[PDB]
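Undergrad: Using the hints, position chain B against chain A.
There are 2 protein chains.
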Amino acid sequence: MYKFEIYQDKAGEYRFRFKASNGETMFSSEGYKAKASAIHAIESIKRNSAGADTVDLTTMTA
Amino acid sequence: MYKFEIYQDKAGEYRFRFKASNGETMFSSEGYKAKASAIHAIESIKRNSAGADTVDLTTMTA
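These protein sequence lines map, in sequence, to chains A and B.
Residue 529 is where the first sequence ends in our numbering, and the numbering goes up by one at each step.
Residue 529 is where the second sequence ends in our numbering, and the numbering goes up by one at each step.
Don't take each hint at face value.
As the list makes no split between identical chains, a pair holds if one copy fits it or if it spans any two.
Said to hold, decoys possible - List of simulated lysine-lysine pairs, BS3-like, C-alpha gap at most 25 Å:
1) 486 / 502
2) 502 / 477
3) 470 / 513
4) 477 / 500
5) 477 / 513
6) 500 / 486
7) 470 / 502
What the hints contain is simulated information worked out from the structure, not anything from laboratory work.
So here's chain A without its partners, still in its complex pose:
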């Protein structure tokens, strides 16, 4: 199906990506701070993120 793949970048930058059913990544994160911070971040997603609202701030006249 899909999941959160938690890796660190060459820069030592702990991060996590999320996949899709067609076996493709749709985002990569900053990872927040560290591995412990990475899982804790993903813990937010596990709660109700599939039901969470999607607000767009960047609808700004420029």
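TA: Showing chain B alone in chain A's frame:
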């Protein structure tokens, strides 16, 4: 409760963050490419991400 705030960075970098019930951000993304790509990414989350698995690659980093 909590939601996805979609903004663009000073670098013109479309991205989205996710909040927590205590009114605090837990990640910021790369936003994938653009606004359309940002929402499409968040669409993956809406599906089953609250039930998605959490796999850590950086225990044996690649």
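Undergrad: State for each hint whether it applies.
TA: Each hint tested on the structure:
no.	hint	verdict
1	486 / 502	both (19 Å within a copy, 18 Å between copies)
2	502 / 477	within (15 Å within a copy, 27 Å between copies)
3	470 / 513	both (11 Å within a copy, 13 Å between copies)
4	477 / 500	both (15 Å within a copy, 21 Å between copies)
5	477 / 513	neither (27 Å within a copy, 30 Å between copies)
6	500 / 486	both (21 Å within a copy, 16 Å between copies)
7	470 / 502	both (16 Å within a copy, 23 Å between copies)
Hint 5 from the earlier list is the only one contradicted by this structure; the remaining hints agree with it.
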